[PDB]
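Consider the single chain below, provided in C-alpha cells and representing the form deposited without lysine (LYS).
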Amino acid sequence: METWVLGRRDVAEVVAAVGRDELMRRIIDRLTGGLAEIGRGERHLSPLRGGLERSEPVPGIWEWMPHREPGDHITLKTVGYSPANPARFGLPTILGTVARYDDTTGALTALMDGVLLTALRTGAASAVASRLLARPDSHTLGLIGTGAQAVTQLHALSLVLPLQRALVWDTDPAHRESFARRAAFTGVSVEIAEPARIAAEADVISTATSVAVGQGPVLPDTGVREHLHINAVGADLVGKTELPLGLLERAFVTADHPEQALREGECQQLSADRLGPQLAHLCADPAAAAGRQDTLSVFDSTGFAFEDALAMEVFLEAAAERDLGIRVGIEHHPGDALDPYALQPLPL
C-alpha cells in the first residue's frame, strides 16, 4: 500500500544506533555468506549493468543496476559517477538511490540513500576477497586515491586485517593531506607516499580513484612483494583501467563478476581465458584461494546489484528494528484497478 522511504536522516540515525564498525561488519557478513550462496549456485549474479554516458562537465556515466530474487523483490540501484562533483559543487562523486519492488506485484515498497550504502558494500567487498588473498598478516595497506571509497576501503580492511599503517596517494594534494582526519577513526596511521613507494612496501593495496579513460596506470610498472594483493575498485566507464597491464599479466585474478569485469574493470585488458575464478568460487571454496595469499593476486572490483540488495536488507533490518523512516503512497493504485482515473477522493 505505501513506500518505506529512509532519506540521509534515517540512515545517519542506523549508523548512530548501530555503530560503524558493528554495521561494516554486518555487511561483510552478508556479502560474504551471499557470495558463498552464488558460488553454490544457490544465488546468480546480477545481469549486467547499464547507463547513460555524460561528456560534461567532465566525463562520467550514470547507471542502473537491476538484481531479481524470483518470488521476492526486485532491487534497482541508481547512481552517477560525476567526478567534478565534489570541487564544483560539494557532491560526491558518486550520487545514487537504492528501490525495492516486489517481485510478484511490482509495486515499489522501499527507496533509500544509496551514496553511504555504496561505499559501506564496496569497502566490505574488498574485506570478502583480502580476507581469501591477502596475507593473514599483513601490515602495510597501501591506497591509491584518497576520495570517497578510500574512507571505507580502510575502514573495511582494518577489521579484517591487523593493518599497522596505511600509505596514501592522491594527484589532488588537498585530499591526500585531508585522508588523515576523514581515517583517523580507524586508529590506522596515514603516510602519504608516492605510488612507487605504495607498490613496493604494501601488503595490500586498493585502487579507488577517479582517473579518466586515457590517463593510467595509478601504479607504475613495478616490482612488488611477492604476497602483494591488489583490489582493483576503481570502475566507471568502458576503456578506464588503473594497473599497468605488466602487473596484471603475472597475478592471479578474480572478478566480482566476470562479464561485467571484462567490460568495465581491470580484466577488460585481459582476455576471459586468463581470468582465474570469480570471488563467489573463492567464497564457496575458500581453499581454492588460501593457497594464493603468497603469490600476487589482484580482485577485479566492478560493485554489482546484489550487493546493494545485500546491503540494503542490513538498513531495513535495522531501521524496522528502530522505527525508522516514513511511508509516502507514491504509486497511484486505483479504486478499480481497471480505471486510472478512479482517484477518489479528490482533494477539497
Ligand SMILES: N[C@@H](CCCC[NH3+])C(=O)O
Contents of the next structure:
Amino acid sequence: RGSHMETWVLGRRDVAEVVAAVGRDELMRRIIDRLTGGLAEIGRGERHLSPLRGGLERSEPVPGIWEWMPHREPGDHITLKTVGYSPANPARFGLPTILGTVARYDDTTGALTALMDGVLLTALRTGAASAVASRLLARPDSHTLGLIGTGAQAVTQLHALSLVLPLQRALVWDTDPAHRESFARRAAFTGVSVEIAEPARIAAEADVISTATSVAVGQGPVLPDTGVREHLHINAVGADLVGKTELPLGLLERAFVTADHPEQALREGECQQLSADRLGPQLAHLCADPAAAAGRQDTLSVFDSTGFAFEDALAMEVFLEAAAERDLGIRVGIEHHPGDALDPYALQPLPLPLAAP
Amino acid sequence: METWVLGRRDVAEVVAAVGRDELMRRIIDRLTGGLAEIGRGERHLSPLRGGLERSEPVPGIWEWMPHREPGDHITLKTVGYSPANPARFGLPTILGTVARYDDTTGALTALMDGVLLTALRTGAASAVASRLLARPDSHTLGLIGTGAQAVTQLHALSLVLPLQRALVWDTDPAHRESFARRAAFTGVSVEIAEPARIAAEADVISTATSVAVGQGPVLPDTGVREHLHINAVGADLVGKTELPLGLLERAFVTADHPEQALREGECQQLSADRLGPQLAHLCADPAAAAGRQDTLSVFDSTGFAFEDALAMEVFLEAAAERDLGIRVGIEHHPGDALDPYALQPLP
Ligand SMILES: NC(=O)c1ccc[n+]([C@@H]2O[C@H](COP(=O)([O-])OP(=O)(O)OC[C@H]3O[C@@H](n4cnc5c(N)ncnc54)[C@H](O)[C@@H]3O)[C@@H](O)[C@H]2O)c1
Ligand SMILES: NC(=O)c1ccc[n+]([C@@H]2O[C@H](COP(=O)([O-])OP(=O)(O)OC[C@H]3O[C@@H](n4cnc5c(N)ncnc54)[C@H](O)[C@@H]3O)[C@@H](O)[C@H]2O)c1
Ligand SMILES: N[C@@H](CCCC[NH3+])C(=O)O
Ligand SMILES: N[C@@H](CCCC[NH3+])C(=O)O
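What does the same protein look like in the form solved in complex with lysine (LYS), given that the last one was the form deposited without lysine (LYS)?
First the chain shown before, then all remaining chains and molecules of the complex.
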C-alpha cells in the first residue's frame, strides 16, 4: 500500500472490449447472478443495504439531478457511483440521460484504486435487478412484455427479462414518437418482436411491464389504471427527483409491493405513494427466501426500483474480473503520495536536463 | 468529449513551474475573492459534506464533498482521513481526489489529485482568516500537530504575517523533530516547545492534529496573550475537538461553514448562538473583524468543497497554460444516446 500505488482506469474502450469478449448475454447473466447472490446475503443479515443516496437537483434545461452513491464493504473497499440524470441530454446534446462513473477506494487507506465508466454498468445492473425481481414475481410462462418509456433503460429491461422469462413480444410506448419508433431497431438483438401500443393496451395485454421514463415531477402516472391481467408484474424503474412517480395509486394500493431499498423507495420510488406498513418484504428478503413471495406470481405485484450502490459494486466486480483476465485498462498515478507522508510538497517532478544548452 | 486527468506528475510540474509561494498566493487570492462573494450573497456555501466512518485500523472517515456552481460545474472532492497511514503504509493521512462534472450534462470533465490541493487550500483558508483576525504585527506562530497540514499552515501564514519563529509540538517525537526540515523552505525558524509554552507565547496558533474523539484537548486550559488568534483546523469525525472549552467560551469565534462547524468543528462544544459571524461575512466586510484582532479569536476550520473548487480552478488554469495532463475517454457515450449497447467499434 505504499506511495508507489496507482489507479486502474477502465475507459470506454475497455468496457467495450469486455462486452465483445464476454458477450452481451453472458455479461448480463453474470450480473444477474452476482446481484442475486449479494441481495440474498443482505436478506440473511450478512451484509447491509447502502446508505441513502444523495444529490444536487438542477432545474435547467429540464429538471434533473446529479447524485453520489457510496457503499462500504468494511475492511475491503468503498464503491462510489457518481451519476447524473439529465433528461434533455439525448435531444439537446446527443448524450445519454444517465451519465456516470464508478470508483473504488481502498477501505483501509482511502486510496483510489479503480475507476470506470458507469453508463453501461448502470444500464446492465438495472436490467439485472428487474430480472432478479421478475424471476421471483412474474409468471414463469410470461410471454408479453410491456414497456413504458423506450429510452436507454428500456433496452436493458427487455434484454435482462428475455434472459429469465420466455418473452415473445414487447408492446411499447413512449411520449416521444421518434423514441418509440427507434426501439425495434435497438431491441432487435434480443430476438423479441416489438410492437408500438398505447398504454391502455399495454396494461390490458402485458404479463410483465417495466416503466422507465423521464416523466417530470407530479406528471404521472405513465400507465393508466384501466384493467390489467390478474398475474401482472410491474417493475417501476423510473427514479430520480423526489416527487417523481409512474404508477397509478389505484393499482399500487392493490399490489404486493417489493422495494429494492425500502427507506429509499419510500422517499423516491412508487412507495412515495404508500405508507411504510403497506410494503411487502424487500427484494433482499425475497432473494434470501423466495417463498416470502409465495403466490405473488399469480396476483398483481410491483417491484419498486430506485437503484442502490451495492448493485453498482457487484456489477463493478464482474467488470474488473473480466478486465483483469484480459489485462485491460491503464494505470495512472492520479493521487499524490509524497515520499515523505507528512510533507505535502514532497512531490517529484520530472528531472531537469543536465547537459548545457 | 473525454476527461482531462491531472495526476501527481502534472501537479508536481505545476508547482515546479509556478513556484510554491506564487501557487499559494493565487489560492489565497482566489479564496479571499470567493468567500467575499459568498458574503455578498452572490455565491453559496456548499452543502454539508457526508462520510463513512471506519473503525480500523484506527478510527477514520472517508468523505464526499460536493459543490455546485449552477449552470457551470459541479465539484466533488472524495477524501479519506486515515491517521495510521503515515506510519503503517507510508501514505498521507489525508488522501483524496477532486473531480469536476459539467452542470448541464453531468459529464465528468476533469479529475485531479486532491492531496496537495487540500493542503494548499487549507493553509490558504487559515491565512485568509488570520489576516483578518490576527494582529498584523504577529511574530510568533504556534503549531500543535506537525504533520502534513502544519507544513501548509506555516507556509501560508508566513506569506500573510511577519512571522519570525514557529513554536511547535506533536505528541509523536519523530514528527516534531522532522518539522524544521519540512519547514526550512519558508525561512521561518522552528523551535520545539511544549503546549503550555506555545499557548502562552504565540501571537497566532494553528491546531492541526489527528487527535482521537475523546483525546485532547491539545492545548491546556490556560491564560493566553490578549490578542491570540487560533486556527482550529483539525476536523474529521463527529466528536473530535482540539481546544479547551474554557478558551473557546471566551473567544470571538468565526466558522468557515457554520452548520458544518456545529457538527464537526470546535463549535460542537458550543451552542449555535455562540458562533459569531462566519468567515465569508468578514471577507465581504473586513471592518467587522478589525476590533477582534486585539482580543481572543478562533477560526473554526472544517473545510468545504467550494474551497476545493476554487483551488482546482487555479491548478487547471496553470495546467492548461502548459498543456499538462492527459485525456481519457472514461465515460461511455454511445453513438446512439438511447442505446447503452452501442459500443462500436468493438476492439
Ligand atoms: N432504478 C434504477 O436503478 C435506475 C437506474 C438508471 C436509470 N433509472 C431511471 O430510469 C428512467 C429512465 O432513464 P433512461 O436512462 O431510460 O432515460 P432516457 O432519457 O434514455 O429514456 C426515458 C424516456 O422516457 C420517455 N418519457 C418521458 N415521459 C414519458 C411518459 N409520460 N410516458 C412515456 N414515456 C415517457 C422519454 O421520451 C424518453 O424516451 C429515469 O428516471 C432514470 O433516472 C433508474
Ligand atoms: N479544511 C480543514 O480544516 C482540513 C483539511 C485537511 C485536513 N484537516 C484535518 O487536519 C488534521 C490533521 O491532518 P494532517 O493531514 O496534518 O494529518 P497528519 O497525520 O499528517 O498529522 C497529524 C499530526 O497530529 C499529531 N497529533 C495527534 N494527536 C495529537 C495531540 N494530542 N497533540 C499534538 N499532536 C497530535 C500526530 O502525531 C500527527 O503528526 C486532521 O483532523 C485532518 O482531517 C482539516
Ligand atoms: N437532494 C436530495 C436527493 C435525494 C436523492 C433523490 N434520488 C438529497 O440529497 O437528499
Ligand atoms: N457520517 C456523517 C459524517 C459527516 C462528515 C464528518 N466530517 C454524515 O454522513 O453525515
